[PDB]
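One chain of protein is taken out of this complex; the other chains stay put.
Chain lettering (A and B) follows the sequence in which the chains are written, and residue indices restart at 1 in each chain.
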Amino acid sequence: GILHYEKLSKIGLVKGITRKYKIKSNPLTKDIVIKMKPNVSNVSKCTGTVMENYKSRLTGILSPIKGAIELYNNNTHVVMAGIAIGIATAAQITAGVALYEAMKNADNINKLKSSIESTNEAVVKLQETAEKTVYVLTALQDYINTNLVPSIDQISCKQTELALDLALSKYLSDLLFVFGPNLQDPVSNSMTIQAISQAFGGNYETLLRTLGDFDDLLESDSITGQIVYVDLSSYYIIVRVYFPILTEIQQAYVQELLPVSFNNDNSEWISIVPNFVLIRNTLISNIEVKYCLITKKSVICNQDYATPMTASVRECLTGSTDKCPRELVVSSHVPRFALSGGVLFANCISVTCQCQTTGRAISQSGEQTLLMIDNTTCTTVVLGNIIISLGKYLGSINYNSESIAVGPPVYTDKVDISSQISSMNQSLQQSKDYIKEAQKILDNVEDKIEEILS
Amino acid sequence: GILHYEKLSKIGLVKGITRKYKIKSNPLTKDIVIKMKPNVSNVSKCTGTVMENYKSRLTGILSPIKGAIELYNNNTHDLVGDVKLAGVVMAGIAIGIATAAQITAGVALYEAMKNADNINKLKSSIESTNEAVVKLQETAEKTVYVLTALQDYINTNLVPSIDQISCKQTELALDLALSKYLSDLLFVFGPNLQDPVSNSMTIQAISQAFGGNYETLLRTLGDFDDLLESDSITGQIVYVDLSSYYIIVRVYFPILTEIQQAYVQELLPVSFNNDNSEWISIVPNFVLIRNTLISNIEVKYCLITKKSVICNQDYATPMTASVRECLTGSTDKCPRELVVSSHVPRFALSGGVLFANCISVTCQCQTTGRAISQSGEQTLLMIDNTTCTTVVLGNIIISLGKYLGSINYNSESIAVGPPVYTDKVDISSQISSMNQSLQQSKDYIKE
Partner (left out) sequence: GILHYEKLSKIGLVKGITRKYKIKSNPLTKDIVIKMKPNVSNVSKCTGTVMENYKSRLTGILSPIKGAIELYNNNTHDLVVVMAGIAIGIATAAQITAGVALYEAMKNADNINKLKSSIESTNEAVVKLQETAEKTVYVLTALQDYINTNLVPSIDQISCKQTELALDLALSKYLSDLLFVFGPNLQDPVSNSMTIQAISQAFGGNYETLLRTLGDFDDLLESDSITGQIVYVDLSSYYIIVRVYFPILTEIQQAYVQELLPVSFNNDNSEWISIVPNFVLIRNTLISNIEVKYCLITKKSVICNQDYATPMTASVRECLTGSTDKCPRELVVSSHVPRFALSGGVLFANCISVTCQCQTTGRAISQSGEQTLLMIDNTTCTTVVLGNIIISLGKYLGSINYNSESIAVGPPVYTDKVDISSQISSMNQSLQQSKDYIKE
């Protein structure tokens, strides 16, 4: 049950931190306008057909989004038109419902079109008639206002236009990854606010700040954006930002296991067991922490990332160490000792351990996997080049007298898995014929005992 | 033959979109000059030895490319039987050890040489280009473009701030720009690009030398976006000039062809019920069918799109006969895995008909007012307008079509495949477990 830490530590898995488990929930919606063509009316003398190009270029990347969105709109007549939609995922359907929900306010924001069209500055605060405000973030506007405008004199009219064309095209080449043919499904709310901000030049800080515990959300990619309206004549979008909160899962924790090479039968092994185990309620399972934000106190995820675990690997973690698979160590880099509870767990065959206080070297038998070193043999431990003072071990009084039973060896390598598999299939097939040497030589040579009876 | 779509949909894999399959082919080559040191002729007043430094710094990252390229140029002693279009001969002994890809890139390099040499004659005019992008005449009426790094910054920041800023400031700002640009280009062009006799480099990646602005680079040259987002527009470095600090890039702008009777079928996955628990099917979500043959495809590397999967190469991959069999009827061969996340999807829509896990989620009929409840004997419900016109599904209301398949999808039971664990760590334990077991029962056969 709920983890056999000591048994585990001998096989080279020492207790790491225990962590709180958190997931986003309870989203909270807020709307923003991002304008994708800058102002220019203040510096319109020496532009040329850069705009006529940029616009039709932008229209090419923008229109298919509009098109994709509108297929959910003309076809949600609360109720979504299943025949019209035809083939879709639940996720998408829900995004579509959120979209329809956004429409009501989208429509009200859209009434300020001509005022959006003529925004002077980078970030503008507008009045949506209610006393409910709405923000317009316009791309390259700052550059235009504070580079182009003041350098106008010392540049000329054929080289301001170059500087403009270049800015526009750079901005384009930057936004293209996120907003290209690439975002094929824009009826979603997965797009991270960071990724959306690409349209405002990656400055998601300002985007969040004008809307007004933050970083933890941000670095879990839990702050998401949904595109809810596209205006093709004014070249702006409305984004609904989903700013959630994060909730602690109840009697759920994520246990880290610190891996440490260990000795068996003249060679160093490392245990093949998850380094992060999720325990919620009485149930132990795998978790894909790679997708979360690990943190001193908590694993923070934008969704549940639990994953099933085989009963062997479950048994392994709760005592049966002869079920934890082990792999050969051949790199001078897999770690050779760890510290847990102020007590040291060390491969004193691989590395040389000594007692600074008592002067005598701490030497490890070949019969043992690992040493548990605490303040009842050394107070201070010299460990190569690092000197470390130890606590008393809260576990078994004679950890080092009692021997763990090591599990089976295995190869972890992609290429070695296939060879192992074909090797095995070979062996099982080879010995699946000897079992067919009994369909005759135990059936006919026993139904001959019906004739040698009758 | 066909995928057994109905049998599949019970095991929680519903028909998604069917897509065209496209791959790039027939490049149309076009050449461009990228100059990697800006002008500074209109600034040379406060420049310390930052140019003297920057140059020798750049030479360090540039020269080995040149060197690498020129080993193919000395080694292709070619035109075969002297003549231009007769062909090209690569020196095998000289080259020694190379890949087909590389050899071909070498041939393309030799092919680029002819025009490279003609472009190179404008060296002194490249050397003194004033502006960021310049159009030059290669004598023929055939034009050639020079894109020069940091030039714009220099022309529109520094020259304008020169009257208002000092010296050990004007030079700081320059040193900083140059070193930033350097630290940005270093990933793509460093010791990293060990094999420059290639045409893999994407034009985006190449444009790192022009500060990531691949837009302008493409636009000065001339289905564009679909090419671009499949990384099918590639660049090859064909000449390096170490005194003028410029490179010639051959850009390979291809076209994309529809593969014939080949389509990529999406399967939308849906959690399904069996023996008191939710399972998800372990079967590819994307299957490539070309001709009568079904095989895997690595779409992760392609560009997926309403109508088509667009790839810069063929990405087909073999498929085990079991997983083949599974997709064409034998659902007892489709492996399944336990579901333990409140996130794996619980229903899908295909053909206007709903496939739902009405054990996991709670389904009801808005029109008929009665809840749609699912037996524990069944994996999944197919709900079509012949039981509900409108379906309330938690919080989403949805109007349905008539299912074009079996009149009683729900009365007939599928046979669920074997359970399996998908996890990296779990595969090793499963394997060692099995070895142990087979060895253990390989002695009883010796009894």
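What we mean here is this: contacts are C-beta pairs under 8 Å (C-beta built on N, C-alpha and C of every residue); 3 or more make two chains touch, one makes a residue touch a chain.
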**Study point:** Given B:96, B:369 or B:376, the one touching the chain that is not displayed
**Key:** B:96
Check your understanding: For the chain left off this view, which of B:183, B:276, B:292 or B:408 is in contact with it?
Key -> B:183
Practice item. Give the residue, chosen from A:3, A:43, A:91 or A:339, that touches the chain omitted from the document. Key: A:339
Point to revise | Residue in contact with the excluded chain [from B:296, B:341 or B:387] | key: B:296
Check your understanding: So which of B:277, B:317 or B:413 would be touching the chain we can't see?
Key -> B:317
Exercise for review: Over the whole complex, note the residues of subunit B touching the chain we left out.
Suggested key: 60-61, 68, 78, 80, 87-101, 103-104, 107, 157-158, 160-161, 164-165, 168-169, 172-173, 175-176, 179-180, 182-184, 186-187, 190-192, 194, 282-284, 293, 295-296, 313-320, 322-323, 326, 333, 335, 417-422, 427, 430-431, 434, 437-438, 441, 444-445
Practice item. Pick out the residues on subunit A that sit against the missing chain. Key: 15-17, 121-123, 142, 145-147, 149-150, 194, 197, 201-206, 209, 214-216, 218-219, 258, 293-296, 300, 327-333, 335-344, 380-381, 385-391, 411-413, 415-426, 428, 432, 435, 438, 442
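Heads up, the rule we're going with is that only the chains that are shown with their structure count from here on.
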Review point. In whole angstrom, how far does the Cα centroid of subunit A sit from the Cα centroid of subunit B?
Key: 20
